[PDB]
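This document opens with one chain alone, in structure tokens, the form deposited in one PDB entry.
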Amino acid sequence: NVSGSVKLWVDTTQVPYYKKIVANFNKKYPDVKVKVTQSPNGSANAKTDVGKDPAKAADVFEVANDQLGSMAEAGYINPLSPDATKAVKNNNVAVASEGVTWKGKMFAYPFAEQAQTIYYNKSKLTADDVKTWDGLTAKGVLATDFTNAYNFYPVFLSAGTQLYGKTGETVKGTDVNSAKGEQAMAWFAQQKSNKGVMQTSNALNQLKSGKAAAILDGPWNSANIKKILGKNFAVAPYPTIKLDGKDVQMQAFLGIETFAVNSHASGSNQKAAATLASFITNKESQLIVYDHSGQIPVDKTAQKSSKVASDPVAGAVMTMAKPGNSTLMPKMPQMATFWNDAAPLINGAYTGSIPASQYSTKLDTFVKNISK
């Protein structure tokens, strides 16, 4: 039997359907008292919401895979048991297991495959228009945010650089302090004068008002964008961009969304938390998340269900996940520093605060900063 009390943290608009998932959980485990709330600052900030006070945080919490190495090294999350590991590995696609594995051990329960795509109004742009960045932006406005390094760091990967080495595990393996890195910096700078590129902190609102024809966004907004655009909804994988005069695919990050178990829980409550984490990331639960938000399951069987297989967003995400189209977010303990330093590097190139004469120096300093 499983008993205990657990607090579950999810993102704000997910609460209603996680209550449904928890109702399903309680059909099987009637003696576990679950309290579902939003987290203080979201899954993108689990690192710091938990780290502020691990013992006060939720017992099960949503967290993106890049945060896992830091949290594992800090002792905030424990390795999954052999049986829990086997279930994750057998039930989900390979990249989901890679996403949660740190130094050979799994530290979270994966449930969604995240890659950004182009979402666009098909009354304003065609499927062919969205194939290239310059062609798209010559025909309509793309609204985006150069202060968000998750949007634009992957241009460095398109340029041929590595982030923490071949598989994201090498402390000194970021080699963006190179001519290839400078090509990406130059691309950011070029976008400031591209009249088809609108800087905004709320790209979704610009799409909704009609001031943008396209945005880059991820599947956490799939159902939201389908509702906004209605019959004008369309989606595509990322386009090509020109780097050093060559057309190359513009990458996104590939992220794996997970739930992790807070290592503070003990006794019954710990067993209840692990049971909940497993359940809310199971196939049925992944499909409920899909039904409500449009996020893409990592479960092998769910990905091949007729409804997922026929969803154009799922198809675009599957394309994005292929080699060359995205890179799995690394999970090095340094990642919080990486993100903090990457955003002003990129935005400085975009705004001109970093001029071309300083690209090499700034990239050298960046690599030193993130490689400790």
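Positions refer to the first chain, counted from 1. Compared with the form deposited in another entry:
- Domain motion between the two forms: of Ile346, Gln114, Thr281, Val141, the residue positioned at the hinge between rigid parts is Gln114.
- A two-part rigid-body description fits the chain between the two forms; in it the smaller part is rotated by 22 degrees against the larger.
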Given for the second form:
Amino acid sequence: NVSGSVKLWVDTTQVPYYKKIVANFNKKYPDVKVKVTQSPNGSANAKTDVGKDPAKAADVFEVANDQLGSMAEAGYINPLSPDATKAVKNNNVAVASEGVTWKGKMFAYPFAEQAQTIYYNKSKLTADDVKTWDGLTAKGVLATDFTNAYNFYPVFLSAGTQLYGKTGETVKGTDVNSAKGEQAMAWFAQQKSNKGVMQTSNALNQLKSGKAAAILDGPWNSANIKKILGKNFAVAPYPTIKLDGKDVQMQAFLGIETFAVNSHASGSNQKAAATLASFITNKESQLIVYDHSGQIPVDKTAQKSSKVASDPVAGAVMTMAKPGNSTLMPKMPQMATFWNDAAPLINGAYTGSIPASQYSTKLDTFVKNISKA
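Counterpart to the form deposited in one PDB entry, namely the form deposited in another entry:
Below you will find a single chain and nothing else.
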């Protein structure tokens, strides 16, 4: 029987109901003593939080899929056993299992998925309005931010190019320095004169003021947007956009929320740690997490619950999560330079400081920058 003393880092709004999840856990594993604490700087800084001093970090910690490569290559996490891989794969959607996989091996236990969508004031735009970018912008104003590469780099993916290859693990596999790359660049550029697109550093403000009919955002802000828009609150997946003369799904990044085991934590509690991670991301837990936080489960049989299949937000996110509609954010370390260089590239296209004659040159430099050995 599994026993031990384990420390669990979860985020904010979540430590209370994980104790409820732990309360369910400690039924079959009563001898495993859990201390549910807040991760110091959130799950978004997990690699850093665990990194600062691995020995004193929690045994199980919340972390996003875009950090698993860094943390694995730093030696903070051991790969999952074949058996543990079999279970994760058995129970969750494919893109979640692919999400936790780095160099062919799993490094975490997934439980939720996220992806940005459209939120719109439906007294200003109809459901049919928001199916195409151009149709939408012709009727209502969409407030967004072109200095945000999290917002707009996936347009390159919509154009048919790839980020570090199809798997996202190919160092010089980014192929955006081509004619399809320039297409997306020309798309950014046309948005400037689009009288239905407002550049703003706070899109929520323009939705709050009513100067915008729609915004792009992920499910972490849905409740926040509901209170703002009230009766006129509506949500839908990204629209199609026009590239290469044809209409294609506008993509967003896909994120998988997970729990990983600290390989630098106390040895005798490592078996208990795996047990806690495995459990707190199971089918029942995911709906408890959903009940409280609204987060969208990756469990196949949990996504089918009427509670999840009534949620407009869950619907749009799960639709975005389908292949072709989103791409998992790469784990490559070179993403650090990407985040520095993607926004200047995208916004230079939009504002026009990068001219059309220099798209092919500036895309060459970008690929060169982010593909360094």
